[PDB]
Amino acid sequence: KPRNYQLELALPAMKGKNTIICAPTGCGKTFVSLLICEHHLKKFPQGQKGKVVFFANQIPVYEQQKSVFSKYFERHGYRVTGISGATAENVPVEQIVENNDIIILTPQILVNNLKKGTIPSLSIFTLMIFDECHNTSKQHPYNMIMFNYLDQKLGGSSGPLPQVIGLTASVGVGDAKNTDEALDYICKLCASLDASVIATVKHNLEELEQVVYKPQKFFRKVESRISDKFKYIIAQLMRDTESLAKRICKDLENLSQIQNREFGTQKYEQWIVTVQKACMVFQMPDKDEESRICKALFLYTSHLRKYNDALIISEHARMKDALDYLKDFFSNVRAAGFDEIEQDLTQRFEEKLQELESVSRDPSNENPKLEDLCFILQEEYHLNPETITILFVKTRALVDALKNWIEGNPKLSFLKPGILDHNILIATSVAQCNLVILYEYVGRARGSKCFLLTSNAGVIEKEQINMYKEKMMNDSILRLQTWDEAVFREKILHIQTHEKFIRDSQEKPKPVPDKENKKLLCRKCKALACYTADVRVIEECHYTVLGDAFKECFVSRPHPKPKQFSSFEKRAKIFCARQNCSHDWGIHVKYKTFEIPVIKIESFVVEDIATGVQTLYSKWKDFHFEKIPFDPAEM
C-alpha cells in the first residue's frame, strides 16, 4: 500500500521533471515506479496516450517487473508488454511500441533499433524509467540511450521529449578522493541522465531503516602459511620447466621486461601471457620446425599458467583442491596429445605427484585462513543455527574448491553445497543474507554482519576508503539537495554540452582497409587456416568463412552451453584439425538455414603475403581489412 515513505520519494517526480531518486530497497523502488506510472498515465487528458518505457538491465529483474506491471495494471486497461533477446526475433518491435503503453523492452534492443532505424525519434515515449541508473557511466546501453537523447535535444530539434526519471540504490562515488571530486562525479552522473532533482528520504527517516540491510563490519586480518612445502615443490617444477623451455627460446627473458617475478602471483600470470604472445609471432623461414617450436612453447606456457593457477588456489583455498585441479588439467590434456613435450611434462608431473600427494595429506599444512573461516562459521552457527550465509570469492576456480572443503572437512557438517535446503551459498557476484563473508573479495533478517577475511592490509584500506567515499557521497547528495533547481540545471546543461562536444570530437573516421590478401594461422600450431579473401562479415559483428578447403580444416565438438542471440543458433564448437593441436578456433552456428563456423580473430595470428610479419589482434575491430558483407546468394 502507498504510504508516506513512498509519497515523499514520488513527489519530486510527479511534477514533470526527471529525478535521480535512490532507495536502498527493491520493493520500495518498484512501488515508487508503479505510482509514478499511474500518476503519469492518469494525468493525460482525453485525446492523448502514454508510452512509458521501463529499462531493465537483467532478464530476471525484467521478468519480475513485467509480472508486477501486468498484475497491477489490470483494472486500468493498459497494454503492458516486454521484449528481450528471445522475443525480438523477426517481430515488428515498431508495432509493439506503437500499440502498447507500458513496454519494458531492454536497453540494448532500443539501442539496436536506434542504430538500425526503427523508432527513429525518442520523443514517441512520454516516460523513461531507467532501473539501476547508476550504470550510466561510459559506453553503457543506458549511456547510449542518453547520448541519443542528448543529441536529439541539444541538436535543436527537440520535440515532445519524455521524462528521464531514474531509479537506483546507490549514486556511486567511482574514483573520487575529496568531496569536490565526489560532487563532480555526482553532477556528471546527473547531467548524463539530464535531471535536476535528486529525491531521497529527508523527513520520513523514522520508518526508513526498518527493512534496510544495515550491515556490520568485522575485519579480521590473517597471516599466510609459513610451511610452503607444496609451494616449494610447485616452484621447483615451474623453475625447471622454464629452464628446459629456454632450450628453443634463448631470449625468453627479454620478451617481457617488467620486473623480477615471483611464483604464485598475478604478475607472473601476466608475464606468462606476455611471453606467450611474444613467442607466438616467431617468423622462422623453415615453416616446418617453426610450427613445432611454437607448439612446444605454447604447451610450456600453458603448463606454467596452470601451475600458477594451482599455486594461487593453494594460497587461497586448500592444497588438495589445487592438487585435484592439477590432476584434472593433466587428465583433460593427456587425451588430446601424445607428443614428446607433453609426454615429458606428464611423466615429470607423475614423478612429482608421489611427493605432492604425501604433502597434501599432511594435516599440519592446513591454511590458517580456512582455519579461522571454519572457526568463525562454527561460532556463528553456534550463536544461531538458522543462518543463511553467502560466501564471495574472486575466481570461479574457488567456488568448487571451498565447496569440496566444506563437504570434506568434518568440523563443519551443518553446511550444505551452495554453488551458484542450501545452508551456505558460495558464489562470486550478485534473499535472506543473514551473514556475508568476503573471502579475499574486494537482504533481510536485521542483525547481519559482514566479515572480511584477507591476508593483506590493502583490501582493509580499500574498504575503509570505500566507507569514507560512501559518507562523502551522502554529504555531497545533501549539499546538492541544498542547491536550487535553476543553477543546477545550468550546471548540468553545461556539463552535458561539454560531454556532447568531447564525444563528437572522439569520432575516428573510417580507416583505410588493408587491400592485401593476408591469411590467418592457428595459435599453438601455426597452420594455414584461411585467407582474408574468404572471410565474410555478417552483421558488422560476426565473421565467417565459406571456402570449401576450410570446411575440412576444422573438427566439430558438442557445445556444453548452446544459446541463440537474436541472429543465430549455436550447434557446436569448432577446433583445429591437426595431429595433436585441438585448439579453439570459433563456434558453429546457423544464421537462417545454413551452417557457418564463425571464427574469432583472437584465437588466430594474421600473417601477410608481401612482407610476412605475423600480427596478433584481440578483437575484430582492431583488424582493419576489406570486410566483405556476407551475401547469401553465393553459399
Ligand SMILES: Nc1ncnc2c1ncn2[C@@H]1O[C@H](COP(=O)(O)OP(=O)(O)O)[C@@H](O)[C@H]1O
The other form holds:
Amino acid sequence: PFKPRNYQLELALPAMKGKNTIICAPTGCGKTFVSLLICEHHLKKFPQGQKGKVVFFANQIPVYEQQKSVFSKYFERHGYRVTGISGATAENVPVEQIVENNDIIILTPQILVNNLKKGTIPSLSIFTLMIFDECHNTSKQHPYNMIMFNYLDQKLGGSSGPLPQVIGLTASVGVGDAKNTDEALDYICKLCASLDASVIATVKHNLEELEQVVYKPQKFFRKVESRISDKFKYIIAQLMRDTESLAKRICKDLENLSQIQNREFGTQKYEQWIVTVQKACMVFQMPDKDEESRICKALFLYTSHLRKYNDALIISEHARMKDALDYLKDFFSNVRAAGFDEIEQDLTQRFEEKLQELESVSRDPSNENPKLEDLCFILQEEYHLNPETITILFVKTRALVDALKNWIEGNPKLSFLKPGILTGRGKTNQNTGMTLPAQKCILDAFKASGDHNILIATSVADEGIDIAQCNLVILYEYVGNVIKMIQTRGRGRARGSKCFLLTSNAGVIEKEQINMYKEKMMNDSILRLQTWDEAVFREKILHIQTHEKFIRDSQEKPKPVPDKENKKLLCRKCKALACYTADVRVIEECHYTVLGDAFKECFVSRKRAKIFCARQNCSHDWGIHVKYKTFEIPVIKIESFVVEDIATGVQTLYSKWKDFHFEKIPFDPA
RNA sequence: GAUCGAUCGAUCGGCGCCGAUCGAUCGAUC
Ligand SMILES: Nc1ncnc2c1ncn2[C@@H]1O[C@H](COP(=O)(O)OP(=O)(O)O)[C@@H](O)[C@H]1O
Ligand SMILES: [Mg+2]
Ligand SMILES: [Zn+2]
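Switching conditions: you have the form solved without this ligand, so give me the form deposited with this ligand bound.
Shown next: the complete complex, the earlier chain at its head.
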C-alpha cells in the first residue's frame, strides 16, 4: 500500500504516546495517512478482552464519503468494522446498534450533537479516540465546539470513567480576530483548551522533506485602476436619481426612514439604505386602507427597482457592462409578465428609453473592465509559458461566476480555456445552486487529463474538497481571514505555482498584507508555545476551560414567552388581508400552513404550483403547494407577510417563523 | 437522482442588524 514518510511519522509521534495533540500541517501533506497510522496504533494497543472505538468527525458529505472510503480500503484488511452515519442515511438501524456494534465510525458533528441532545447516546465515554478533521472550525457555537462542550462538562465536575483522546487535523490554527502576538497566543491557548489539547506538534526536524511534497506558492498582488469613462454608470445613476425623486415625491419622508447620511450609487451602503427604507415603508398606519395599499405598493415597486439598479451597478464594476445589462433585462422581463401597473409601466418606459444607449455603450471594446483585461493578460501569459496549467480562480458571487464563465467562453483571445462552474448547494433568490453529484462529476473532470482548464469556484473549493494540484490561484477580489488565505493559497501546490490577487479597490491589498502578517505571527506564536512545559500549558488550558465553563453555564436561559392574542397577516407588496393567526396550522414544526376556506379564495396558483396574491396586479409570491401524505395544502413564507395586531396597530416584521412568537396550533386532519 | 419547507452553524463586507458565500441537520415529495 502506502509508505509512511518521515514527517508523517513525526506528526503522529506525540499522538501515539496517549496525549491530546493538534496536528498542524500544510494542505496536501497527507494528514489522512497520519490519522490512519494513529488509528492503527490506538486499536492495536488494547489488551485481550477489551476493544477500542474510534470516531472520525468530518465536516462535509463529500469529505465524509472520501474518509469512509479510505478507512474501509485501509482497515477492512485487519478485520475492523468501519461504518459511517450522516444525513444521507435512512431512519433505521439506530445509532446504539451501530456505535456499540462497530470500531471505526466516520460521523458528522451534528448527528452526534443531536444524539447527545435527545439523550440517545449516554455520554462520550463510549468512544476512545475522537479525530476532528480540520479542527480549526472549533468556534463560538460550531458543532465541534458543542461536542467539546459536552466532553468538558463530562470532564470538569461530574468526572465520569475513561474519556476519549481528542486529535485535530487542522491546516491553520487561524489566530484571526487578533491584533498582536499576545492576542494570537491567547487565541491559540483558548482553542487548545476548547479542544483539550496540550501539544501543537508540527514538522520541524524533517522540514526539507515536506518541501518536496507541498510547495508554498508565491503571492502576486495586482491593484488595477478603475475605469474613467463610465457612461453605463452615469445612465444607471440618472435612472436611480429619477426613481428616487419619484419615490420622494410620493412619500415626502424618505430622508427620515434610515440614518444613512452619505449614500453613493453602486455600493453596499446604498444597498443597506434601500433595504432599510423598503423595510420601513411596509410599516404604514393611516385611516385609509386603499390609499395605504396603493402608497405601500408604489413604494415597494420603487425600492425594488432601486435595489435592482444598485445590484446592476455592483455587478457592472466586477464584470462586463453586458452582464449587468442582461441582469437588468432579465429582471424587467420577469417583473413585466408578472403584473401590469401604472407605476410598473412608467418605470418600464423610463428604462426602455435609455435601453438603446445602454446597448450601444455596453458593446464597446474601449468600454472593457480593466480588471477583466488584466485577468485575460495574466491568463494569456500563464498559458503561453506553460500550456498544461489548471486555474482554480476564486470568485465571491454566483452571478459573478456565471459572468466570468460567459466572458471566458465568449472571448476570442481565451480560446485555450475550458471553464467549469463549482457553486454550493441550496437555492438562492436568483440562482438554484449545484447538487452533490453535479459538484462531484465537475470536480472529477477538472485535472491534467482534460475536459477542463479552469475551475470558476466560489468559496466552496477551499474548505475540505480534494482537487488536483493547480498552477494558478488567481483570486478575483476574494479575501477573508488568515484561515481562508492559507486554505485558498494551499490549493495550488504544484512545482512553480503562483497565487494572483486582482483587485480594483485600495484596501484589499492592505487586508491581504495584514493576513500575511497574521500568518507569520501565528507561526511565531506556535513556535513560542511549542517551547512551554507540559505541566504549565496543562494548568493554563485547565484554567481557560474552567473560565469558559463558568461563563457558558451562567447565561444559557434565552426562554421567550408565547403570544396569545390574534394577529392578522397582511401582504408585503399590496398589504391585503390574507389570513389570521388562528387559521395558521403547523404540521411538524416545519410546515407552517393556513387552514380555512376564506384563504383558499385569496391566492392564485401559477417544481410545484407556487402561489401568488389574488389581487388585481400584485404577483407577490406567498408560498408553495406541498404534497402531504393525503392532502395538497399550501405552506406560506413569513418573508412575504406583515403581522398586525387586532387591538394595537403595530406592524412589526419577521425574517423567519422562529422569530414570530404565537400560539402555534398543531395541524390535524379531523 | 431531482425538489420543497424548516432549523442550526461558520465566514466576509457595510450601518445588534442588513447583503452575500458556504456547510450541515430535521422533515415530507416526485
Ligand atoms: N505515504 C504516502 N504515500 C503516498 N501518497 C501519500 C502518502 N501520504 C499521503 N499521500 C497522498 O496525499 C494525499 C493527501 O490527501 P488528503 O489527506 O485528503 O489532504 P490533506 O493532506 O491536505 O489533508 C492523499 O490523496 C494521498 O494519496
Ligand atoms: Mg483533509
Ligand atoms: Zn398581495
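Residue numbers count along the first chain shown, from 1. Just so we're on the same page, rigid core means the largest C-alpha set that superposes within 1.5 Å between forms.
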{"query": "Core-superposed comparison between the two forms: the option from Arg292, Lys320, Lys188, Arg225 whose CA moves 2 angstroms or more", "finding": "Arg292"}
{"query": "Exceeds or equals 2 Å, Cα of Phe604 between the two forms, core fit", "finding": "yes"}
{"query": "Cα displacement of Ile587 between the two forms reaching 2 Å, rigid core superposed", "finding": "yes"}
{"query": "Exceeds or equals 2 Å, Cα of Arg578 between the two forms, core fit", "finding": "yes"}
{"query": "Per-residue C-alpha deviation between the two forms [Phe338; rigid core superposition; Å]", "finding": "1.4"}
